[PDB]
Every structure is written in structure tokens, then in C-alpha cells.
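K.L.:
The primary structure of each chain is shown beneath.
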Amino acid sequence: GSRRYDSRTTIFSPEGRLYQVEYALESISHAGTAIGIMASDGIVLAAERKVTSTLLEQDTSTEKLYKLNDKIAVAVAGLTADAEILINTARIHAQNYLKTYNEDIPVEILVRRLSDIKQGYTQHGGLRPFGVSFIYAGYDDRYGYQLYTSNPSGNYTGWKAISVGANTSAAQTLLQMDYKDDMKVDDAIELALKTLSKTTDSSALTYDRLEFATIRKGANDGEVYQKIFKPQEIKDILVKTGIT
Amino acid sequence: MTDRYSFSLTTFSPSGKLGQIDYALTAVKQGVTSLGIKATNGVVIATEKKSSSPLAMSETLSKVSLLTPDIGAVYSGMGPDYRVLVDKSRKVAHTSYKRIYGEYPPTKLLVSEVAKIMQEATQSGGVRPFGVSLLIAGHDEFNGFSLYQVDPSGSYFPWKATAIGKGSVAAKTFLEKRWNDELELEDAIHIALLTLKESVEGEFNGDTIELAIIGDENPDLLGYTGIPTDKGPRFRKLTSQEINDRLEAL
Amino acid sequence: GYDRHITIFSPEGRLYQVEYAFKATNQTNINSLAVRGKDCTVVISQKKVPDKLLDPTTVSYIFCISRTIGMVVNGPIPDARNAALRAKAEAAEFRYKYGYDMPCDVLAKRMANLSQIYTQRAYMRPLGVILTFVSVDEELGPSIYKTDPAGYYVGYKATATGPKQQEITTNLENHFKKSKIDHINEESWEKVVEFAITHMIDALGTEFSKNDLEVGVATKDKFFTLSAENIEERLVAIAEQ
Amino acid sequence: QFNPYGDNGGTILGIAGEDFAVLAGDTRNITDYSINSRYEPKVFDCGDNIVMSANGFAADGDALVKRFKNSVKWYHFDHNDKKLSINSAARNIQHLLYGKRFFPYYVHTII
Amino acid sequence: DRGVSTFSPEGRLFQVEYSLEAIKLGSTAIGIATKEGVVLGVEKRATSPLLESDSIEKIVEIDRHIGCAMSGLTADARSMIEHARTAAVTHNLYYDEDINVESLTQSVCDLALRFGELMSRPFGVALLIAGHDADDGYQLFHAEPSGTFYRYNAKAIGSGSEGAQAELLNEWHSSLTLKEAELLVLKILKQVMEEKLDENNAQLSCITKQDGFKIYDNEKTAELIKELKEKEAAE
Amino acid sequence: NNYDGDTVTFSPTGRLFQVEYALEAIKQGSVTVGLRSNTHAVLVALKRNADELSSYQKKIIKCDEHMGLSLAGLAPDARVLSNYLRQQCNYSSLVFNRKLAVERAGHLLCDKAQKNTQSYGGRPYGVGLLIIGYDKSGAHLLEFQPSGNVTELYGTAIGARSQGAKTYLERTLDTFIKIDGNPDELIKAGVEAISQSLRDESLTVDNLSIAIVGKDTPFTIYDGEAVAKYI
Amino acid sequence: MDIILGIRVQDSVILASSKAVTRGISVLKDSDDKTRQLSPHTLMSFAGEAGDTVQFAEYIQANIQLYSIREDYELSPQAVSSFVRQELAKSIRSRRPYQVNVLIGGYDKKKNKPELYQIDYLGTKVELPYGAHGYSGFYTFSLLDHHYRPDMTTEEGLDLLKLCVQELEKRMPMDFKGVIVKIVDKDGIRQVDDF
Amino acid sequence: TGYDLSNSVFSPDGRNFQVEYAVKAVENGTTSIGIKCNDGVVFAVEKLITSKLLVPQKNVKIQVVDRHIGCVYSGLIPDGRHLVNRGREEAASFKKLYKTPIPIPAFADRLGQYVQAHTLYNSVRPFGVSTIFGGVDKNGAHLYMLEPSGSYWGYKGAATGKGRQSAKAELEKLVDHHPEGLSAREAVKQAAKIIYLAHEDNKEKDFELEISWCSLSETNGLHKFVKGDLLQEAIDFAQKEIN
Amino acid sequence: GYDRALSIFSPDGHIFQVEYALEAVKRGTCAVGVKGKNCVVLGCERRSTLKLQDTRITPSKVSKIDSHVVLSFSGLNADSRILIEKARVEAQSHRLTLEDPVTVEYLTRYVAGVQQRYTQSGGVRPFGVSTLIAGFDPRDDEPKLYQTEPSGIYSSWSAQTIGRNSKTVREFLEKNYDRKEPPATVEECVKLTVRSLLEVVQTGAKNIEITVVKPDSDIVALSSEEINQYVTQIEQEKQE
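Residue numbers (the entry's author numbering), protein chains in the order written: chain P, 1 to 244; chain O, 1 to 250; chain U, 2 to 242; chain Z, 1 to 111; chain R, 1 to 117, 125 to 242; chain S, 3 to 233; chain X, 1 to 195; chain T, 2 to 244; chain Q, 1 to 240.
Any given hint might turn out to be false.
The calculated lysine-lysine pairs, modelled on DSBU-like cross-linking and capped at a C-alpha distance of 30 Å, are [unchecked claim]:
1. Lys101(S) / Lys59(T)
2. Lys100(T) / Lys169(T)
3. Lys88(O) / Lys48(U)
4. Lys114(S) / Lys59(T)
5. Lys50(P) / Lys99(P)
Honestly, the hints are just simulated from the structure, not real lab data.
Next comes chain P alone, as it looks inside the complex:
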């Protein structure tokens, strides 16, 4: 019968790893680097686009950074289309929680459910895993500012600063070197851009090859604001830290 053509996407190797998870991670390692840095007064998300053409429509574009709700955003490394499937799920999950409890969903709870969905594809159903790693940036009134990552294994962890995609090894070393606990958002912005600047596989880091977002306490008293940067705003903030 059909057994002949089944790759068996959910089995252990003799070493006890999950082939498809490992191979999905290998795929992700060639995607545009994305960085998240957490400050005491906000969070930065910065990410590098995949080798652009001059004709790409840069301002109506989105590939790396998506809004999950008003208090939570993600940066994507991996297959964009796989990521959109998970993002819509996550958006719906958030609204169900708000509908049930009349309260915005705590960041971890949203992160956990998405990670559980990923986990399921590694244990049953014989389908390939999602080729995606996320950096979650969000705020809630229990833990304040939070950063997490998840990858195709459905494993998630919390961070002060983290990268995913290409060159995370170099990026993690640079972040470790210059990160400090008492840091502010505007310092974190600079750290994120300088780190991408040094790990990038292109000759120089320009506005048109980036996506950028902040999550600040940055409006009127106690309430949180998400800013997905327009191209001109990235151009300015690139000059303002002297990379161009």
C-alpha cells in the first residue's frame, strides 16, 4: 500500500533526536537574523530581510515582524507561510482568552499554546513540522516586559536578549558582551542595530533591508504602545546611531 512512501516525520534517531526537528532548525539557520532585546522600560525587535531587490515594495511589506495583539508581537525566522498559519492561530487564541476572561492574555500563556501546537507535529499525525522559530516580545501586568523564543520542537525559553536565524552564534556573543540589566530601550535599539551590523552577510546595513519595532510604556501613563517602524523611521534611527 502507501506505507512505501511514508518518510515517518515523527520518529527518533538512534541517538534520540527528532530528524525533522533537526532539519527544520538547519533550514531556519539560513534565514534573516532577528534579534530581541529586553530593557527595563521596553523591548526592541529588529530583523534583517532576505536579500532584497530594488523593485521590492518596501513600505507595504512585512516578512519578519507581526502583531499578535496590542501588547504582543513576534519576529519570524524561517518559512514565512508556515509562520502566517501559526500567527493567525495565535491571534485567535488571544481573542478567545480575552472573550473568556475579559483580560488580555498573559504573554507566556500565548507562547505556551503555540509551542504546544508545534510540539504536536513532532509526536503524532505524520506531517512535517513548521519550519519556524519565533521571538515573542510582549507586556502583561504580571511579569511586565518579556522575551521568549520557540522553535520547531515546540520548546520555549525566556530571554533578556536573543537572536534567531542566521549567525546566532556570533550575535549571541556580541549581545552577551554589551548587554546590561539596567539598560534603557534607546540603548537596546542601538545594541540591536550594531549587532546586526556586524553579523550581516551583506556589505552594509541599510534601511531597506530591515524591519524594526519597539514595545514601550511610551504613551500616557501606565499603558503600552507598539511601534512598527516605517522605512523612513528606520533610515533616521540608522543615522541617529551613526551606521550610515
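With the hints as your guide, set chains O, U, Z, R, S, X, T and Q onto chain P.
P.N.:
Just chains O, U, Z, R, S, X, T and Q now, with coordinates in the frame of chain P:
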């Protein structure tokens, strides 16, 4: 009996590639050239109607398809795969949008739905990916004019102008030289016709070229009058005669 | 290569199972041809009954799909009958759901879609057949639309299918270069049939008795096949010429 | 409206002695004011020295007896030809009857 | 690979035969039937001395009149025991009587070939099912993952089984007392066990008509071990 | 070889190897014999034991008052198939008040086994059966094989070394076929037939199994002391 | 069932619930506690259809306790009351709805405020200074409209309650066998024993 | 390759090797035939006598469908039975909805479509029988033969199994020498002869002959087995001709 | 539904998918459980090629199943969440129907049953997880510690360890744990637990987690210093 193929036929190789998606893209490479160009007041999508025998009537085979009155699509790769995607894309515009909001979806959201369908053929059990890339041009009230490319993976990108298939490397280079943010629709039609001559072997006239625009509302194409707010489809297929008129002043 | 057993892509982006289904198309070693009159659409196909034990009247590759649509198949008979039953059911359902007769081109598209599905979903094999649909459509007039195992389809001025299809094809293209029109400029379907048989004879370089052919004709509001007798009467008129 | 029940009359009676038991029933069968039969048995030998009557609506009575007789047959098949004791028959019959708790067999049963 | 329900060319089911190998790797279990009762004994085989051996449960009650010991992939046995217990209690509910030992065993064995492509593989555990009923008296059954069961006067299963069985072939006679059977099980267990048999690493149980199924405490088994060495010394 | 992975695959010579392998479990089975006169039909089966401490596996199963069978091969498969027969006999009784014709029993078994030889995932039955019964056209003997082939015979045998008994019955045909009105003489001939298939061993009291059905005799099974009469 | 009341004062919520359980012409029990603790700072009282009441209460309790363990955290009174409302709003369109009315009294530790929610079997939720289900409300609402003040102490709240229970024992046709009173505040939930 | 390991896979020539392997099982089976006659059809088959022990006359192989259709087949017998069971369900459902008994051409396509369906998927095996069947309907007599591929046609006469060639040659002579037609009683005799002739290619074990027929005049258009005087009369006419 | 028999027998009678699940356990961070006279302690290594971790929010390695029972594990982290959730649901369901919280044995038996089920159902692979489950039965003061593994076998342990280098630390506990005399206090029991982890771990920095469970739902996690005090103090007893 019944489908016992409930496992994925696209999977990760040890190097991280998804073989079936790569191979689908290869089928797209062999496909006949198609392109799209975005002007300030319109979008043009074009391709070559490469006929299989001269006994075939190639007006009965439309490569450029209306999806909504303000959205059109063209492709490169496997024609039959494209035909069923058009059927599904048309339907999803209604089921997942018009039947809910009483209006046609904006371009990026319809593109989003098509991309979803193509992504699922990349992960669901017992199917292969679609062997096509799409270029979708459209207009909607709050985004204006837009042009998108959709690939076998389900990934899509917005373009100022681009091309796909056979001679796409050369055609993307040609368009880089000629595109600016001030192009008026008529200029973009002319550039489209020039770019397409590069990749076409045989006859190059209005019977071998298929070309449509997303431009001004066409009240004469509506079919009725008396609702002031209904002004007509912005999608218009250029006729054989209209294409030849533009080929002499070329 | 398991990419050669099921309908997944090969590294060069090809579907081998679809290509091999095209090769099964010629298993019967029959050629078929279709032309349009002013008023009619004629299809002819070779009829070969090797075994003397066969009841020759039951040997056919032409099908009445509806009152108005005929279909000729190139390919093995079990797949051909499968296609014919489905097309018959689809045409009947269309009439019931939508209140008018299914057009030839629409049935062609529908069957082409079903074939496309077999090229994408693994558990279904493609049918090893090519299907030529004919009618005199009430909107479009005389119509020929043809389907293959890739799920491709298109309308034709005229067409041919089978092992010696290229010979017949070029023969017909040469006529249409000369005539400068889209069809056989002829009033009666009897003469359009005579044209079809005549150009099959030149192109294949063989003569036919009354039992070597099989003929189907479409006019306004009916599609019908010819008896051995109506064909003989047609062969006789070509000879006296 | 369709009424799925009828009443076929008759009456039954069971008495136990020290080393025997009787189960008696009249043989008349009726609907309304008509006699259907003057001799239609409604007391049955079910095997393993068990007699059974299910009196009231005859169609239900016959169905029950048939199901119990069949139960005895499968008890042998499933438990190495063991004899079905009267206490075990009774408990089995309870489950046959209670399975139709919400659409009852309209009978009074005696074994 | 190859389907889970495939016959070998010798006409045996690959998966069943392979599960039989897994059972051979299992700890030893022995049962002996007498006219006074049936004894069931097992080798606990703790994988490490820190593991608290009384938590090793390889002898199990099914009903008052039916007991069970196991050998092989013992986690596979939980659902067979659960099914056994339900079949016994259910039979008592439907018929107001005790369920026959053979009937219980047949029911457990009905689960066995319910695998394929229903569970994904055969069970990798064999069972000794021991009990009393009024019709056939004291009985011992060996239930295999092939769905076959066999009545035995005595039987060993697990790693020391081919040795133990030859020993039981010699020692079993139709008139053994319960006490003789207890000692015999203890004796054959000490023979085939790796480690030195004591009351902590082996366990006894019996089922008698009068008191039903009982697992022996460690104090009680210790004495039967003491009584066994004294018997062996004294000739 | 490359064509024996499942039942859904023909070999290049048109064979079905998984069915052929199922047939092989029958050949390793303990021997059983069937034969009939015009008034009775008899089963004799040599039961096999595991060792000296074990029981001798039953090989004879009653299906109805007028029908039963003997098995050779996988016993659980005989239990499944016999249970199906019990149900079919039973359905004939409850619905039509009609004892199931031995011939229909045969057709029903053929069809049940056939399904498992044409679909993926299932396996063929690994057991052969001899079916006797007495119905409205007299005594019958049937041979079932898991290929689905069912055959009506005057006598036969299946299992290891069944070839001897089958030759014997082939010679004896004209004798036993007219042992009418005599139970113990049909049995003795059956016991004789089975003896032509013994080696290293002979028929004992916990080793022999006999069944008979006929004109005025319910299907009944004899084991233990009740077969001593026959050794 | 029958009598359940709630009053929210300055720094606590007080729930009073009758002790009688009646079937036909027999008071089967006179010490019934018509309440379940959902979390350490949230209490729910309930009345309505026999069987339904306790089954619903315990089902909610199980869900909130499960949430608590999973997140190692206590849901706010508002969040719990919304969860409960939704369960009842689903239920009312089921094959067999829960015929249960509830009061939820909780102390919100983030806000340092007591909160009282009244929810009927339809999933009709309202936050109130004081609440009642059943015929009780026809006496107690107007009484509390008169005597209630927003700034009262727990002790003033208990006196206000005594006034309610007195009126109900005077004018109500049934003998509801007194009330069990529970206080919910910053230190959790406790029961007054001599009322 | 390995194109032949799974049903429904096209080989590079465009063949389904599993069906062709099913044909081998058919060629390995006993001989069976049908002769179309004036107002009816006749079916016959060779039943190898494996042993003394087979009860003569009591292992019937020709099968009736509805009341007017006969089916015989060569190859795996159980597959043939399965196909006839399906044919019976198809005939019942046609009669239930349309009242008239199922026309033979109609019946032929029901079997055809069902057999063809077993070449569409790798989860089923093709049928290991070729089936000869037919009968009488409102348009006269019809004879059909149906292969493992689902291929079928109408036949003047037809044969399959080990002796298909000898039988085919014998059938061809009758078609040439009788262009006006063969009578039903005549066709029964010829059927016996051809089964005897075709038994040459299978002469290890001797055989039992079985015949059946439907004729508008001789059986009233119903399927009946030829037994008794008419069977022996035709056995004798066959005996006469091999000597 | 996807159906494949993924856990099947091999000719030698092994189920390779279950055995490879154990390899995943072996690769997981080490975990140990030690029971005292009146408490149980659970210790867990956390690997340290990860700095920039946020420790407030990363899932801790010991999970409360109910207020009186805890579970820790070695192996696939994502797999463990599924077992913990199921265990948590079962604990509340038990309280609902029996009106009593689960025994530690009962909860262990349930989790073990889940693990076993995944070794003989079509379409699923086994859990790449072994667990330690510890606590006190309701109204009981006798400490309880159980282990489960991918096969579904479970058992009680005086002390036990799982994960990478657990063979080294089982070695340690086997010579240092006296059945007759269990760590008669919290202090003693925590110490022995930290001593065993130091055989394998590195610096006792942000590398050792400890959780202490006492009777009647008394469960507390130590923070760095409280642990660090044990680290410092043992190292000073060592120079001898």
C-alpha cells in the same frame, strides 16, 4: 479503497531544503514568462499566449484571469494547477470575505488566502505543492494599487514591478532600468510590451500576447445603471486590437 | 526514485506518472480526428476489431455523453468508460442544478479539473486517456474541446489524436492555411464527414472499408453516431469523385 | 397516531414445590373483544430446565422469549456448555428487560 | 519495512514471534496447580538496590477466585489486567455468579491479535492466569500474545523458563500438597535466578477455594525459604 | 520474494505469497480428518499438547445443533471464523426459522476469507477448517482453506502428514460411503484414516477428539473417557 | 436552595445563604452550605434546580483550581466571573441548560477592592454593591437601597445583613432555616459561626 | 524500476504491471466458455477432479445473477464469487429503482466499472479472474467477457483459462460455418465438445463438465443449469467427437 | 487519520522507538530525587552554555501537579508539558469524583499509563521523557518518590536520578544512602541531594535547582543563596 496517504509528501532533507518546493520552483522556471508593472494610476500584468498547436484556438485558454472586479492574476508554471487555484481563489473571495462584509476583499488579503491554500499543499497529507508562481494585481479603496508574487511555498511579496518564469532574470534586469515612481499607466503598458518582446520567440502580436490592467473604473463594463456608488470593474483585459495599436508606436 | 511511482515532483520539476499516462493513451493504436462544419461538428476514429469472436457492434470508443455532447477517447477502454460514466453523470447533474444543458467547453473544463486533482493528490492515479468533446453549442456554435492526463484542455478549430496524430495534424493545418477560414465551409454534415474521412485517408495513406471507421456527428440539439451503412453510403460518395 | 403496543390478554401462574415447579398459562389470545386463537402457547421450555412466560403484549413477549432462548444458547457457546442456573437466568433477564427501560417490553414475566 | 500483520514464509506472524523474544528476556514467573490450590511465584528482579522492592508488582488479583502473574514488557499488562477485572466483575453483574477461569482467559486472549494497521503491535508480555471455579476446580493457564492459551499442571515463563520447565516436568505429580507446591516454586526460582533468592526479591501467592487469592507477606515467605534450606540440608 | 510483503500484491506469475504462507500454517498443524456416510458425518482430530504438563489444544468447535467444524493452523483464527458461522447459523434461525444449509455456510466462509486477500493492512486467515453437518439434503463434509476455496467432499484430511489419511480415504471411498445407520462404524473408519498420518506416536485417551452429526444426532463432541471405546 | 444574598462593603464581600434543603413536604436538611470556594480570595454561592446547582458549582471549582495550578497564580474576581458567565451563556442554549443562579464574591488583591457579581442562569452578569437571587430580592433590594452606605465596615455589613435576614424570616412564606455567612477579604475566606 | 510492486502505478510504457500479473492467475485457471446463440447464450466450464473424494455434481461453479443472467469465470475462484456478489447487489438496485430487470449491456458496465475501480488505487489488488457472462433481455441475447483490467466487449463466443486458445480456434470455426446462427440445443452440444477439446491442454486429472443456458424459447429467458438427459446427451456428442 | 505502527518489535524482541526515547532521556539535563524521614527533595541540573537567560519566566524544571505532589523529568521539554497538563487535569478530576486528592502512587500510575499507551497506538511516537514524581498522600506523613520511563514501567525509589551522567550520581547515592537511616531532616536531605549533583554538574552556580516537599502541601523552591550555602559549605568539608 480510500486515501491512506495522510502523511506529508514534502519534508525537510538533512541540508534543510524542502525538496518538493524546490522542484515546484523548477517547474515554474521552465514556464512561459509573465510579468507585472505598477504605475501611479494602474497596474499591468502580461504574458505570452504560447499555443500548443495552431489548430488550437488560444482565445479559449485565458492565462490572465479576473478574480474580483478590481483584482486579476497571471502565472508561470503548470497551467492546470493555475486553473484550479483561480477557481478556489474566486470562491474564497466570497466565502471568507464578501459573504461576511458585503464587499470584495482588499488585494493583500485575497493574496493571503491564496497563499494559505498553497502553503497547505506543502504540509497536508498526500498532496504535492502547486507547480506555479502567481502575480496578482489589484486595487482597493484604502491601499490603492498593488502587485504581489505568490510562490509554491505560499510565500508572497509586494513588488513595484517583476517577472517570473523562463526569461525572468533578464526581464527583472530590464525593468530595474526602466521603472520609476512616476510611471503613468500607459508608460507601464509600453514597458511591459518591450520587456515581453525580449522573451518571445515567434509571432509577437495581439493574438500571441495576453495583457490586462487594473486601472480606472469602467462603468460601461458594469452591465447596469442606477446605483451611484457602483462605478464598475477596474480590471480590464486588453483586446487583440488594443495591443496591436500599441505595438506600432513601439 | 519513488518520485516516479506517485504524482510528486522529480528534481527537474516533472510528473513522471502523468507522462507515462500519456504513453498509455496510445495503447489502442487508434487515431481520431475532429473537424467543424458550419452547422455541425464531426468526429471520426479508426475501428479495429482484431478477433473474429468479438461482436463488432460493442467495440466503440465514441460515447453519447448527453443529447448534445459526444466524446471520443484515445486510450484503453476501462479508463475510457470510467471517464464516460463520470462525464454522463456530471452533465446530468449540471442540467438539474442550473436549468440548462451543460456546454461542451464547461464539461471539458470540469473533467480537466478532475484530472488535475489526480496529478496532485497521491492516492488517485491519472486516467490513461485523452478525451475529445464535441457539440454544436447554443452560444458558441460547433465546438471541439480536448482533455489529457495533465489536466490541460483547450478549444480547437480541428484536432487529431493517436500514434499518427502529427501526420493528420499537419495535413489539417495545411488545409486551413489554404482555405483561410476556421472550419469546413459546407452546408450538410454528410459532406463534412466526407471531408474528415478524405483527409484522414491522405494523411494516413490508407483506404477504409465501412468497418474500419467509426463516426459521430453533432448538430443543433443532437449528437449521434453513424451505422456501418451510413458510412458505406459516405465512402461510396468519396469514391465516385 | 400510531400506538406501538397492544394487549393480548391471558394470564399465567407459577408455583414452586420442594423438588419441582409448575408454570401455567391459558392458551387464549385476544385483541379488543375478538379471539385470535383458542390455542396459542405462551409458556415455553427454554433449555437447561427453565420454563418462561412473558404475558401481556404478545409481540413483546415473543421477542423477549426469543432473546432469552438465544442467550441460553450463547451461554453454552461462551462458557464451555455450563448449565445456566435459574438465579443466573433471572439476572440475565433483568438486563434484557432493563435495556429497554425507556421503551419497555409490555409483559409480566415469570420463569 | 513491511506491514505489522505479515506472515513469514514459514506461516508465522513476524510481530508475534518477535514479542515472544521480548518475553524470554523477562523476569521468571512460575505456577503450579494442585488439588488443594494453585501457587504463583515470581522473581522481582530489582534493577538497583535503591529501588524499593515491595513496589514491584508482578503478581496481581483479577477477582477473589482468579490471580495472575506476568513476565516480559510488564507495562503492557496493565490494560490486560484492567480488561480481565472488568470482564470478571461484568460477568458477575450480568449472571449473579463467578466467571469461569477458562472464560476469563479466553476473554483476555481475545485482546491479543487485535493489532494492525485496534492497537499498533502485539503485547510483549505473557501471563499465568490461576484460579478456581466449581465446574473444573483449580486451573492454571498460560496466555500468550498469539491469542493462544494452554492449560497446565505447572508452567514457567520468562528468562529461566526452559530450565525451570524441565525441572517441573520431573517434580510435578497429581498429589502435591499446597505446601509441597510452595516449596517447589521457591526451589526452582532459587535455581534459575541470577541473585540469591530471599524474601525481598521473590514473591509467592496462591488461590484456594476457601480464602480466594492471597499474596504472601515477606515474613511468611521468609519462613518457607528457611523451611526449604532445612529440607535440602537434611539429605 | 519481492512480492510477499502483503496480500495486495501479485507476483509476476500471478501468485499471492501471503496467502501461500497462510496455507503453510495449516501444514504445520496437527492432523484432522473428515468423512461421511449418507446418514452421518464425522470429524476426527489429533490434538497436540505443549508438553507433558499441558492440555491438548481443542480442535473441534460446535457451530449449531446440526453443524460444527475441526481446525488446523492458527486457533484464534478458527475462533473468529467459527464465531462468524455461529452467528450466521443463528441469523438463519431467528429470521427465517431455517437451519443453515451446510453449502451456504461454505459460501459465507469463502466470502469472509476472500476480503482479507484483496485489501491492504489485513492478513489472510491462517487456519484450515473441516465442516460437517446434517441439513435438508443430508450429510455433508466441507474443506475450507484461507485462500477462500471451499470444497465439498465425501472425506478428507488437513494438517501435517494428512496425505496418508487422504490416500486411505481415497481407497476406502466405496466402503465408508455406505456405513449408513451405524454411528460407531463411521467413527472407527475415521479413526483408522487418521492412523495413516501418525508417526513416533499413537492415539491415546487425552489425545483423540471425535465429533459426529447426522439424521437423528445433534452435533456432539467426544473427548476423554468417552473415546476409550475407539482406541 | 432559595435564599442567597451578597453585600460588598468597604474592604470585604459578605455572602449569606440559607441552610434548608427541601423536597415535597419534608425539610431533608437544615445545615446545607450552598457555596464553593473557587480560589483563596473568591467564593461562589448558588441556588436553583436540585442537582444542577452543586454539579455546576463543583465544575466551576474544578476549572478554576486547574487554572491556578497551571499558572501558579490566582485569577482576578472579574476574570472568574466572566468565565462563569460564559459557561452559563453556553449552557442556556444547550440540550439541557444548567438552571443555576450564582453570586460571586471576591477580593481582588491587585486592586485591593472587594467585588460582588450577580449572574443568573441565562448568563446575565452585573457587578453590584449588594445582590440577591430568587424571591429574596423583592424584600432586600429596597431595604438595602435605604440602609446601605458605600463606606461601611465588615461589622456594619453584618448588621445590615441581620436586618435582611430578619425581614425575610418575617415576610417569606417558607422556613429557610437561617443562613450561613461568609466573609471574603484581603486575608481570604472565613465563616461566621453564630448567626 | 519496481514499477510492478504496487497496483495503479504506470510503468514507463504506460502499463499497470499488477493487472498483467492478475492475468497470469487467470491463464493458470481452468477453461470456461460462452457461446451466443439464436435467442440465448450457453455457458460451460471445466472442473478438474482433484480427487475421488470430490462429490460429483456438488461443487457448482456457474452462478446466476438476478433470474436472467449467468456468470462463469476462470482464475481465483473467490475473486469471481466476490465479483458476482457485487453484480447481484447492482442488479437488485437497478430493479428496485427502475422495476425492469437489468439489461445485459447495463449489467456488463456495472461489473466493468467495479473491476476498473480496483486498478485505481494501491490499497487494493486487481481481480484475478476473467469473467464470461450474459443472458437475455428485451433486446435479445448478449454475451460478454471481462478482464482484470475492467476491459469487456460483446462476443459471438468467448473463452478463457488454460485452454483458451484451443477453445478460441474451435469457436472461430462455428462462427465461420454458421453465419445464419446456432440454435440453443445445438450450442449446448458444441459447448460440451469445446470443453472436451480444450481439456487437452490440462489432461493430468480428468474433469467434470458443467453447462448452463438462457434461451427465449428453451428456458423462457431464464438462466437454468443443464442436467439429466440433456446433459448426458451433450456429454455423449462430445465423447463421439474426440474419437 | 494517520495510522502507522511506529513502535513495533524487532527480531531480537526490542521496540526500537521506545529504546531511542530512552536515549533522548539520557541526553536530557540530570534530575535527582532523595527522600528523607519526613520530606522529599528534588534536584535538577540546568546546563550553562545559556547566559542571557531570563530566570523569572523560563519554565522551571519541577512542576506542581497538585498542591501536595510534584513532578520533574529528564528528556524532551516539549514532551514533558503534555504529560504535566494531563497529570494536572487528572488530579482535579480525581478530586471532583473521589472527593480526595490523588495518592502519589495513583498519579504516577496514571502518567505511566499515558506513556505506555503511546508505545502501542498507531500514528504516535513514544514520549522522550522519564519522570520523578514526589509528594505525600492526603493526611499521611510517609514520603513518596516514584520514577516513570518511556516504556510505561514505574516504581518506588528510596532515592533515584535520571538524565545525563545519572549513572555517576546513582553510583554516589548507592554508596551514600542508608536504607536503615534516611536523612532525618530537611537540612541533611537537601545536602545529600546537592552532594550527588556536584559529582556531575560544574560550579553549583545558577546550575542547581532544588525543591523541597514536606507533608500537607508544603512545597518550597530554594533560591540561589540558600543553595549556594550548601555548595560553599560542602566544598569546605572536602579539603581533608
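K.L.:
It remains to establish, for every hint, whether it holds in the given structure.
P.N.:
Now the hints, each set against the structure:
This hinted pair checks out: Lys101(S) and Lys59(T) have alpha carbons roughly 19 Å apart, not beyond 30 Å. With a C-alpha separation of about 37 Å, the suggested pair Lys100(T) and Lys169(T) falls outside the 30 Å cut-off, and the hint is violated. With a C-alpha separation of about 41 Å, the suggested pairing of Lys88(O) with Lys48(U) is violated against the 30 Å cut-off. At most 30 Å may separate the alpha-carbon atoms for a hinted pair to count; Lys114(S) and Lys59(T) meet this at roughly 21 Å.
Proposed proximity of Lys50(P) and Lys99(P) is contradicted: the alpha carbons are some 37 Å apart, above 30 Å.
Hint compliance for this structure: hints 2, 3 and 5 are not met, and every other hint is.
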